[PDB]
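Okay, here's what each chain looks like letter by letter:
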Amino acid sequence: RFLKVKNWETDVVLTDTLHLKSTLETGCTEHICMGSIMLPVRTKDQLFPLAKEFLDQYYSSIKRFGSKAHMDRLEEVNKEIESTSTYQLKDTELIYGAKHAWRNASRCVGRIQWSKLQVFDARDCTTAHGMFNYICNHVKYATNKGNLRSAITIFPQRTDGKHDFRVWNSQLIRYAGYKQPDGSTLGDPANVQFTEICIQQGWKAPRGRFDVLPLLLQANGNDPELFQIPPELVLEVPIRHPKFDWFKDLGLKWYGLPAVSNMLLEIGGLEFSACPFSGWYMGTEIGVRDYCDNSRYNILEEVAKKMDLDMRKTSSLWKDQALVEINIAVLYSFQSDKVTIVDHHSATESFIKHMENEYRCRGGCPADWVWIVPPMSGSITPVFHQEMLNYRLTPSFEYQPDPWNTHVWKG
Amino acid sequence: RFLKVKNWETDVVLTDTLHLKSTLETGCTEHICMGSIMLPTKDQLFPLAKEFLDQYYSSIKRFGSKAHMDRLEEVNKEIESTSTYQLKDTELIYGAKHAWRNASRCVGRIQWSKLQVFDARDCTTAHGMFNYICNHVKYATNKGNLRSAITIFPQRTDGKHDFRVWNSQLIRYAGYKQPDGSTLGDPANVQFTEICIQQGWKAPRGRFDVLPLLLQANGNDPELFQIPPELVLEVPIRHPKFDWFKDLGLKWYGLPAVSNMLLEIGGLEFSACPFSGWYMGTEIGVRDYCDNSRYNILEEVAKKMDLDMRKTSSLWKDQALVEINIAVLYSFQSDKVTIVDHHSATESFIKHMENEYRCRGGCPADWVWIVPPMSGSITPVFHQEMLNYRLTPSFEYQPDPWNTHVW
Ligand code: HEM
Ligand code: HEM
Ligand SMILES: Nc1ccc2ccc(CNCCCc3cncc(F)c3)cc2n1
Ligand SMILES: Nc1ccc2ccc(CNCCCc3cncc(F)c3)cc2n1
Ligand SMILES: C[C@H](O)[C@H](O)[C@H]1CNc2nc(N)[nH]c(=O)c2N1
Ligand SMILES: C[C@H](O)[C@H](O)[C@H]1CNc2nc(N)[nH]c(=O)c2N1
Ligand SMILES: [Zn+2]
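Taken in sequence, the protein lines are chains B and A. Throughout the first sequence, residue numbering follows the entry's author numbering, covering 299 to 338, 348 to 718 in sequence. Throughout the second sequence, residue numbering follows the entry's author numbering, covering 299 to 338, 350 to 716 in sequence.
One chain only, chain B, in its complex shape:
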């Protein structure tokens, strides 16, 4: 079965065969589309074909499919599964797996970079202190004084689901949020619940608007432990505007390194529940979502006031106007401080070329339009006009439940 996608701006038509390799379910049926829904202990029984599928992919990629090395490896894994009920990935397979999970991430606009990913093997890690050490090294390497480098650090895979390694933070670097008695929120409202946990765990909160959260790290299924990232490792950028000088006095800054730490990495049926990864920011992540979402820092009004816009009618588009200036400021501040960032025009144009390249070399590129299209200025980016096919390939990054809801407390 062949499937066609059309760019309605260029009339470029692409053919997808890659979707045939898809196994996992989408959430959709012939009767309903769940394309806009945010989120729609494994036996030896199910595990071997998953290993086999992966190793078949891996060995094809290296042009050794059906080789003796291929065959012996399958043999080795089968035996190791039935003997030990799981198996260990070679370093080569781990690196291949991590890169392909990123490559397969249909919601990621930055995938043109997928083959440049620094993989840190942390499978020899046993304690939370060991995790802190690995994470510091990741942050230092990835930050690279502003010249960001994509990286991922991979802790030991799940075994019985009772000894999971987990990073309790959603991102390695993130600002605290504090609910006040008056109902107002100080800092990042997105992080109130997690901040509360940290505090309960013993964190002494400065209670400021931009307090970098401590790391809450769980090794081998034990209770999580608190650590503070050395501040000298946390690269931050003061936000100013190139024309508006009052903008600095808004008191805004952000961190340079976006590093998602709550996802699960699946490779050949193995589950890596702690696999923090990092790239660099697209400007709108901060300027549109982090700053301007009503449920986040929500600075639209204060900015618009300071710009003296007509705020009595939405049809003045005062919100749209303030939104643009803020995003200009975010990009200006990062570029000025030589911290890697990409605007949403550059990023989406790159994605289209990547996607076209993927269709030719790979036979497809799964993509989630709802997520690929930037949260401002949608149709003046080329992805808006691009038809996309969303489907699930493995290796993959998956959501997992927040550890505080599942964790069995030792005390």
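Check the hints yourself; a few may be wrong.
The calculated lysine-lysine pairs, modelled on DSSO-like cross-linking and capped at a C-alpha distance of 30 Å, are [to be verified]:
#: 1; chain 1: B; residue 1: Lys-550; chain 2: A; residue 2: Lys-555
#: 2; chain 1: A; residue 1: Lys-550; chain 2: B; residue 2: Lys-612
#: 3; chain 1: A; residue 1: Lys-645; chain 2: B; residue 2: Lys-620
#: 4; chain 1: A; residue 1: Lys-511; chain 2: A; residue 2: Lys-486
#: 5; chain 1: A; residue 1: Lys-620; chain 2: B; residue 2: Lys-452
#: 6; chain 1: A; residue 1: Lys-612; chain 2: B; residue 2: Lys-660
#: 7; chain 1: A; residue 1: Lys-319; chain 2: B; residue 2: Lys-620
#: 8; chain 1: B; residue 1: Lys-613; chain 2: A; residue 2: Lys-620
#: 9; chain 1: B; residue 1: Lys-620; chain 2: A; residue 2: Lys-423
#: 10; chain 1: B; residue 1: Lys-555; chain 2: A; residue 2: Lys-612
#: 11; chain 1: A; residue 1: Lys-486; chain 2: B; residue 2: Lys-304
#: 12; chain 1: A; residue 1: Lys-319; chain 2: A; residue 2: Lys-304
#: 13; chain 1: B; residue 1: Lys-319; chain 2: B; residue 2: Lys-351
#: 14; chain 1: B; residue 1: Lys-550; chain 2: A; residue 2: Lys-612
#: 15; chain 1: B; residue 1: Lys-620; chain 2: A; residue 2: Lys-452
#: 16; chain 1: A; residue 1: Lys-620; chain 2: B; residue 2: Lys-550
#: 17; chain 1: A; residue 1: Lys-486; chain 2: B; residue 2: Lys-613
#: 18; chain 1: A; residue 1: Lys-612; chain 2: B; residue 2: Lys-613
#: 19; chain 1: B; residue 1: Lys-555; chain 2: A; residue 2: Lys-660
#: 20; chain 1: B; residue 1: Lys-612; chain 2: A; residue 2: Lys-660
#: 21; chain 1: B; residue 1: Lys-612; chain 2: A; residue 2: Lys-555
#: 22; chain 1: B; residue 1: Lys-645; chain 2: B; residue 2: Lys-555
#: 23; chain 1: B; residue 1: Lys-645; chain 2: A; residue 2: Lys-620
#: 24; chain 1: A; residue 1: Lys-486; chain 2: B; residue 2: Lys-620
#: 25; chain 1: B; residue 1: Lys-613; chain 2: A; residue 2: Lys-452
#: 26; chain 1: A; residue 1: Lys-486; chain 2: B; residue 2: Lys-302
#: 27; chain 1: A; residue 1: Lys-620; chain 2: B; residue 2: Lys-612
#: 28; chain 1: B; residue 1: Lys-550; chain 2: A; residue 2: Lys-613
#: 29; chain 1: A; residue 1: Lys-613; chain 2: B; residue 2: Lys-620
The hints are simulated quantities; they were obtained by calculation from the structure and are not laboratory data.
We have chain B; now place chain A with the ligands onto it with these hints.
Showing chain A with the ligands alone in chain B's frame:
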């Protein structure tokens, strides 16, 4: 089987039961989502009639009534005899309002019950069609106080006697391909503008020439008609801050009147059912004005603003896009032509969703189309999970008639 949708900005969760009524296919499968794809007999007919009449009669609290059963019986006999059937005026109006109600891609559906339905099933000629359309246009325009309307021409019979309006909208601007290689006017309509000229039209060859109607009655060849200019309300576009904006020479028409869709009610097909509401500002300022394959004016506007167009990172395109859209709203408001901004309209749609979930058990919605083409996440719909599914009665796309027409 009972689905939940969540708004992530408000944490409001709605439960959808309405989707279980759905009958037509989405194009998606368990293995692949096609949510961003633009286009995914007697025995056939009675269950369709029946499904429709059941909902009609349920809607008026007469489910399982004699009148219900009688009507079911009557239509059943008429199909058996005639191989088709005719809708009662009441059913036609209900059906049209509900096709709109069910249009999962329409953000303006809070207005769905206030639709003026013009029954043009007695029409036999293109001149007749012209007359009805002029009347529609005048009524809907209402000197700038726009009112939603649909005019419904005779239903398909054997596919050989189709009523079709060839224009994609009642009112649209011409598109000419220059020797210069460029495109003057609206590039979207270059092909249609040709077919007009091929049929006899005389183009002023301007940037903004109101296209003539090409009307097909009873399967016959289509004929040209010029809409009386006095019926076409247009808005010259100015900016409430930039005095130079007027010199761009931009204008747009007030009446968005889609004419190429197919209205399906109770299995019956209305191939000619032009309808109109009023504009959301971004349709014109973002899509019509700033799409690359359209009027594509971003560059010229940016220059006039003297922005640093060297690097994408100055967000000069974004800056201009806003101002352009400010001007569109400003112009329509100034001249008292109905228009709604994307903030007001999406806020309205959230309220409408609430109502539909509460009173109907759900509201089919296509997020990809509902979220405006600018400033997406500062409108509430971006944060709103939506379920997309197909209910009938419906508006459907249909082939362009020149690819079909047996001349
Ligand atoms: C190098 C620069 C990168 C850029 C500019 C970029 C850009 C983005 C953006 C804007 C999103 C949407 C996230 C949101 O709005 O919440 C996203 C999602 C995602 N990215 Fe990338 N990314 C980059 C690197 C990476 C890397 C290194 C990985 C993993 C190895 C990755 C994996 C993912 C995944 C799994 C998602 C989906 C997240 C979710 O569903 O919550 N990305 N990316
Ligand atoms: C009265 C104010 C109305 C507003 C503000 C409005 C708004 C919109 C917008 C912005 C779109 C997206 C169209 C595009 O981007 O091309 C749309 C689509 C649509 N509208 Fe509405 N509309 C209104 C009235 C109506 C009426 C009266 C009908 C029919 C009786 C209707 C039926 C539809 C349908 C079927 C679509 C999907 C069209 C397609 O799939 O191409 N709308 N609407
Ligand atoms: N620049 C980058 C690179 C990779 C990224 C990978 C992931 C992300 C953020 N994903 C956040 C999802 C937040 C969320 C909140 N509520 C419900 C959800 F399902 C998801 C941002 C990224 N930014
Ligand atoms: N303000 C309104 C009201 C109702 C509307 C109903 C429909 C429309 C426009 N739909 C046209 C879609 C254009 C298109 C072009 N190529 C392929 C497509 F599937 C669709 C605009 C409306 N605007
Ligand atoms: C309801 C909807 O799916 C949700 O708001 C999505 C929309 N698209 C998105 N796109 C990106 N990149 N990130 C997001 O968080 C979201 N949120
Ligand atoms: C490729 C994609 O499906 C296409 O560009 C869609 C996106 N969303 C849209 N949304 C609206 N309202 N109108 C459109 O024409 C489109 N086009
Ligand atoms: Zn789908």
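Do the hints match the structure? See the list:
Distance hint between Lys-550/B and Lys-555/A is fulfilled; the C-alpha atoms sit about 27 Å from each other, no more than 30 Å. Taking the CA atoms of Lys-550/A and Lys-612/B, the gap is about 18 Å. The hint holds against a cut of 30 Å. Among the hinted pairs, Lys-645/A with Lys-620/B is consistent with the structure: their alpha-carbon atoms are about 16 Å apart, no more than 30 Å. Pair hint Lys-511/A plus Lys-486/A holds up; C-alpha atoms about 15 Å apart against a cutoff of 30 Å.
Only pairs whose Cα atoms come within 30 Å are accepted, and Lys-620/A paired with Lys-452/B is accepted, the gap being roughly 24 Å. About 28 Å separates the Cα atoms of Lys-612/A and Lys-660/B, which keeps this hinted pair within 30 Å; it holds. At most 30 Å may separate the alpha-carbon atoms for a hinted pair to count; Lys-319/A and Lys-620/B exceed this at roughly 40 Å. Restraint check for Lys-613/B and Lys-620/A: the C-alpha separation of about 26 Å stays at or below 30 Å, so the hint holds.
Between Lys-620/B and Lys-423/A, the direct Cα distance comes to roughly 25 Å. Compliance with the 30 Å bound is thereby established for this hinted pair. With a C-alpha separation of about 28 Å, the suggested pair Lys-555/B and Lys-612/A falls inside the 30 Å cut-off, and the hint holds. For the given pair, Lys-486/A sits about 23 Å from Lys-304/B by alpha-carbon distance, which is consistent with the 30 Å threshold. As the CA atoms of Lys-319/A and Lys-304/A are separated by approximately 21 Å, the hinted pair is consistent with the 30 Å bound.
With a C-alpha separation of about 22 Å, the suggested pairing of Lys-319/B with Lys-351/B holds against the 30 Å cut-off. Distance hint between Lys-550/B and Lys-612/A is fulfilled; the C-alpha atoms sit about 18 Å from each other, no more than 30 Å. Between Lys-620/B and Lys-452/A the alpha-carbon distance is near 24 Å, which keeps this suggested pair within the 30 Å criterion. Among the hinted pairs, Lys-620/A with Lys-550/B is consistent with the structure: their alpha-carbon atoms are about 16 Å apart, no more than 30 Å.
Distance hint between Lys-486/A and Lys-613/B is unfulfilled; the C-alpha atoms sit about 47 Å from each other, more than 30 Å. With a C-alpha separation of about 26 Å, the suggested pairing of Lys-612/A with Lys-613/B holds against the 30 Å cut-off. A C-alpha spacing of about 38 Å is found between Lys-555/B and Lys-660/A, which places the hinted pair above 30 Å, so the restraint is violated. This hinted pair checks out: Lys-612/B and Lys-660/A have alpha carbons roughly 28 Å apart, not beyond 30 Å.
Annotation: proposed proximity of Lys-612/B to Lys-555/A holds, straight-line Cα distance about 28 Å (limit 30 Å). Taking the CA atoms of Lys-645/B and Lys-555/B, the gap is about 18 Å. The hint holds against a cut of 30 Å. Between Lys-645/B and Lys-620/A the CA atoms are separated by roughly 16 Å; this keeps the pair inside 30 Å, and the hint holds. For the hint linking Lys-486/A to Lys-620/B, the alpha-carbon distance of about 41 Å lies beyond 30 Å, and the restraint is violated.
Using a Cα cut-off of 30 Å, the hinted pair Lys-613/B and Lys-452/A is violated, with the two alpha carbons roughly 39 Å apart. Taken as a hint, the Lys-486/A and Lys-302/B pair is honoured in the structure, with Cα atoms around 29 Å apart against an allowance of 30 Å. Distance restraint check for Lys-620/A and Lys-612/B: the Cα-Cα separation of roughly 28 Å lies within the 30 Å cut-off, and the hinted pair is therefore satisfied. Note on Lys-550/B and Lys-613/A: the hinted pairing holds, with a Cα-Cα distance of about 19 Å set against a maximum of 30 Å.
Note on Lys-613/A and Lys-620/B: the hinted pairing holds, with a Cα-Cα distance of about 26 Å set against a maximum of 30 Å.
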